[PDB]
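One-letter residues, chain by chain:
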Amino acid sequence: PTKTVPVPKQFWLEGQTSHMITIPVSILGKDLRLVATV
Amino acid sequence: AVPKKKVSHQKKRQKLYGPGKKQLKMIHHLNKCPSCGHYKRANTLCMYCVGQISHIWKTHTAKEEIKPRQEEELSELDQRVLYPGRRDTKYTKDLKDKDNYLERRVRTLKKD
Amino acid sequence: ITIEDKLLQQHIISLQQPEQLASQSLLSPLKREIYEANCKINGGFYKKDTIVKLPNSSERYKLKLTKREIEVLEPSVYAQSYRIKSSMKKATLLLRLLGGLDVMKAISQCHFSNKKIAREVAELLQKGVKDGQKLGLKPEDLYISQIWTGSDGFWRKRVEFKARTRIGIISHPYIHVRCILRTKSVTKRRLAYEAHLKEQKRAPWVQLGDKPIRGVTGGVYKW
Amino acid sequence: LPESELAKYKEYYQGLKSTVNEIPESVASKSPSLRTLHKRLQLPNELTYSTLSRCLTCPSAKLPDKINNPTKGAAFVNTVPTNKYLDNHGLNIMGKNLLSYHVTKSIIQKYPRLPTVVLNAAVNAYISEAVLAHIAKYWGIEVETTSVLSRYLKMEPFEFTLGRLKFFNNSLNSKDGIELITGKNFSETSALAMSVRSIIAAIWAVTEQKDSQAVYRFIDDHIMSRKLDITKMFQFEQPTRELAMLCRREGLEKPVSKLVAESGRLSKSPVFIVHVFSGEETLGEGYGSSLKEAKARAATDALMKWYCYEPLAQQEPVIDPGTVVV
Amino acid sequence: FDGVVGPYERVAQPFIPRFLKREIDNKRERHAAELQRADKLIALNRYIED
RNA sequence: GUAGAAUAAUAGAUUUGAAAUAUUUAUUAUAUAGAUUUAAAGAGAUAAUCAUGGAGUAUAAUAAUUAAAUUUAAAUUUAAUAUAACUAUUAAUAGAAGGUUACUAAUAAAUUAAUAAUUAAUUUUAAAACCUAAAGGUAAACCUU
RNA sequence: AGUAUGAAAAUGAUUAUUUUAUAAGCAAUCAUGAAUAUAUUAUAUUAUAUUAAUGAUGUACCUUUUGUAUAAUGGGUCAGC
RNA sequence: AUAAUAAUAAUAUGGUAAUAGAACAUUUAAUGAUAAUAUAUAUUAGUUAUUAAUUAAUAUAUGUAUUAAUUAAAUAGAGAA
Ligand SMILES: [Mg+2]
Ligand SMILES: [Mg+2]
Ligand SMILES: [Mg+2]
Ligand SMILES: [Mg+2]
Ligand SMILES: [Mg+2]
Ligand SMILES: [Mg+2]
Ligand SMILES: [Mg+2]
Ligand SMILES: [Mg+2]
Ligand SMILES: [Mg+2]
Ligand SMILES: [Mg+2]
Ligand SMILES: [Mg+2]
Ligand SMILES: [Zn+2]
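Chains as they are written, first to last, in PDB author numbering: chain Q, 100 to 135, 148 to 149; chain W, 72 to 183; chain O, 86 to 89, 91 to 309; chain 5, 65 to 390; chain P, 212 to 261.
The hints are simulated quantities; they were obtained by calculation from the structure and are not laboratory data.
A few of these clues could be false.
As the list claims (entries may be wrong) - The calculated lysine-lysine pairs, modelled on BS3-like cross-linking and capped at a C-alpha distance of 27 Å, are:
#1 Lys-126 (chain 5) x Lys-297 (chain O)
#2 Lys-139 (chain O) x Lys-130 (chain 5)
#3 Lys-182 (chain W) x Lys-224 (chain O)
#4 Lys-232 (chain P) x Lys-239 (chain 5)
#5 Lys-201 (chain 5) x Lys-332 (chain 5)
#6 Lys-126 (chain 5) x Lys-232 (chain P)
#7 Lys-126 (chain O) x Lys-239 (chain 5)
#8 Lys-174 (chain 5) x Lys-296 (chain 5)
#9 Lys-202 (chain O) x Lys-181 (chain W)
#10 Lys-117 (chain O) x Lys-248 (chain O)
Claimed, not checked - Non-contacting residues of chain O with respect to chain 5, defined by C-beta distances greater than 12 Å in every case (computed):
#11 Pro-104
#12 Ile-120
#13 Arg-146
#14 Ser-173
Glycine included, C-beta positions come from ideal geometry on N, C-alpha and C.
Starting from the given sequences, assemble the full structure and let the hints guide the process.
Here you go:
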């Protein structure tokens, strides 16, 4: 899950043209499983 | 001394908005400004033009900002050592943000 | 690094609503098209019963709208102030003046009105005009269709101590001005048309008009 | 797949179609609606229930290409293709003819010398499409506003379907205020009118030999019983001239308007009473707020008297010399 | 934060009554549904017209 | 899509009757007599719109586990359970830190059972400022020994 | 003083329909024109709804009293208790 | 030899303090189908001799009633402090 949120120039990375950037939201371990195609 | 009854919605309305006296009139009296064709009140100088003139006067009749003789060639490091910038109080901060509480004159529309 | 960004703007729009007009937003495509056609036929505005044909195909329609729907459809712009520090009464003192005024005229009036609320009202009007410009309509077509005052939220009551042990309770009111601007081209024209129709309908004053013999008969001829 | 639901539905549809093609008598009898209709109008018993069903069935041979555009307004999913030899199309025409004859005749009987235009208007009023539709509605001839699939799901017999009126009705025709304008064939009112006409036709067919006037009597009871004030149908251009012409045609002295009584001259609302005399016989009283108005009214009254004359049954059929022409 | 985050004015709206928008939109939705259903029905009819 | 028929409207052509109750049929002025009538600055009632306000309504860790029910093998619901409510009863068991502000006021094992890490039980063990009638004082969180 | 939701009322502004600038009193009821709105059987000479033309009738409610329009008691309105 | 409904004849049906009889709303407990075409609440227009419920349209919930009904009970009904 990666939400697209408008971030200030303070927290800008070297490249971000628009204020709009996509960033990852946290997920509960209960909602994701281990792989090893398994 | 005191109202005998709660004044009804009707009655208060008619006391307030009823008569002409109490109503705001439309400012009919207003005309074009000779210097820039904007709206201005009749028999009155345009507030923009006059302001502009005042500004120009100020620019011309500007008083010499009496900068001290010493501080002009005062080393940056030395300056820092001498006069360290403190944190201002809440009140001072508030005072400083003039934009918050202080109004700049609005410009009229263009008359046609 | 320069920005105010298109993507950001898009995001903002998504969060709120599109800039599109009501006629476009509310109606389903075909219906919208039909409405447009009707408007074209009857010079700007919708008319009660007009069998219209679409430009593309050879099928024909008759659009049936309720009064409310009709009212909503005619192009409008809705403008809202922020939390003005003034009382409703005070506001409405001015707002009564700007009833059915052309927006520009209203703005001009505001400019010269020596009342504090006037500034804010003018600003609001300007904003509305800008919005209209953005979304389709021309400044010179816009009039104030109606404009009003609500109380805004949370007025803070303070106690005001008077002489002897007496206590007043001072309240600091905050309001908001909302306006609706419609267009002299469509809406006003439509209402004029309606008025004309009504006039036409009006039965004439006859000197020996058949005024009904009011009352019950009694089951008995009096003549 | 223990259940082939599409197959069952198909079978049902086929059955329905077959029934429509036939209109079996037994099925018709079983239908309650039809029975009720029959009782309501006190129809002759020679008229079968199959006939009644047929009357309610409008000609729907092939589904149009207007169906294929539900996105463009119209969708016809209620009806099922009718038998070409067993529709109301023929009956309907006959019914219409009957209505045209009989009503007109009745009107003539009532009012000899009724200006042709006025007569036509009267006839229309008596038996316009809208009126017929209204009559049908009153009777209780309801429309099949339920899809075949829906019916199947419900699990209702074919009897009910038979009982209902059947034509190509646009399901989804006035939704969101959009109305697809189509021909006369797809209007409800028209269908209703047809049904009404068809009933009359059916009646005629059954009672053509045993009691010829029965149909006419029925019509009178239903169609001719309806109030129409013939006085409200007229509208004159300049009636005075017309009146004069009429007088000339007949053996009458030239008409002259004359003041009989007058009150409130020099006022907002006066009253003038003027009669139009022909020698001595007063030909039309006329009141008015002005003299001119009064005169006009008198003339109009005279014209009305001339036209709307209603002779008795004991008289010998009076035939007018047509309408006055000027 | 220079207004890049936080309240973003309002978009250029037209006026639509709140309780009327609810209605009209609902109606539209219903119509759409009907259209879908109508199409399905038509398809079914086509299938069983052989 | 083309052609032909029935009806309606509009235009043209050809006929048509008539000095047409024109000292008013249609319609326009002015005069003299009369006669009346038409307001909305604001308001009432009703409705709607935008408010204010927060009654009412829903919900009470929304997880996990248990059992049942319902759909395609996962989800949804139902009832029960928490470290996370109080109140009454019944049954069992037992008879126990607050503050203040800072030089912040911490832990370390072993043995036994369960299965090297493990959890539990049984144990020994470090720290722990100042104040909270009675080292002795005071104006609690200070001073004096 | 939980969180959602909130077309509950009182209360404010505004718009629409309607009535209102020769008319006098619990603001309703009954009679009764007119205007407007809605209605997929208004077929209409239709039906409902709204509305202070106009007419008639009409001393708020409670409490306490021999007895209250009373100028006797009590209530600013609404919501909750 | 009863009950329910309908007739016919008759007598009776103002009411404070007060007595007697019968219902409805709300909430909880026992029993309890059903279903998003369902339900709950709201607005408007209908319907039933109508503090109530029901019908239709509309709006908002909600995978759905302590639902109909019979009992048991009540923090069971408010313009009056
Ligand atoms: Mg709020
Ligand atoms: Mg003072
Ligand atoms: Mg105050
Ligand atoms: Mg008026
Ligand atoms: Mg001391
Ligand atoms: Mg008295
Ligand atoms: Mg008092
Ligand atoms: Mg009694
Ligand atoms: Mg109570
Ligand atoms: Mg209360
Ligand atoms: Mg009460
Ligand atoms: Zn200027």
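Tell me if the straight-line CA distance from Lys-201 (chain 5) to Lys-332 (chain 5) falls inside 27 Å. violated (49 Å)
For a C-alpha distance cap of 27 Å, please report whether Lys-126 (chain O) and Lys-239 (chain 5) respect it. Roughly 23 Å between the alpha carbons, so the hint for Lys-126 (chain O) and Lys-239 (chain 5) holds.
Pairwise hint evaluation, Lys-181 (chain W) against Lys-202 (chain O), where the allowed Cα distance is 27 Å at most: Holds, at roughly 22 Å.
Given the hint that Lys-126 (chain 5) pairs with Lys-297 (chain O), does the C-alpha gap stay at or below 27 Å? violated (57 Å)
Test the statement that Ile-120 (chain O) is away from the interface with chain 5: the closest C-beta pair must be farther apart than 12 Å. violated (6 Å)
Holds or violated: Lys-126 (chain 5) with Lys-232 (chain P), Cα cutoff 27 Å? violated (41 Å)
Quick one, are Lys-232 (chain P) and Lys-239 (chain 5) close enough, alpha carbons at most 27 Å? Distance ~17 Å between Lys-232 (chain P) and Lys-239 (chain 5) Cα, so the pair holds.
Sort out whether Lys-248 (chain O) lies within 27 Å of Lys-117 (chain O), counting only the CA atoms. Cα-Cα ~66 Å, so violated.
Quick one, are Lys-174 (chain 5) and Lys-296 (chain 5) close enough, alpha carbons at most 27 Å? holds (16 Å)
Hinted pair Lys-182 (chain W) and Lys-224 (chain O), Cα distance within 27 Å: holds (17 Å)
Is it the case that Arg-146 (chain O) keeps its Cβ farther than 12 Å from each residue Cβ in chain 5? violated (4 Å)
Any Cβ of chain 5 at or closer than 12 Å to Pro-104 (chain O), or is the non-interface label fine? Per Cβ check, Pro-104 (chain O) is outside 12 Å of chain 5; nearest 21 Å; holds.
Hints 1, 5, 6, 10, 12 and 13 from the list above are not met by this structure, while the remaining hints are.
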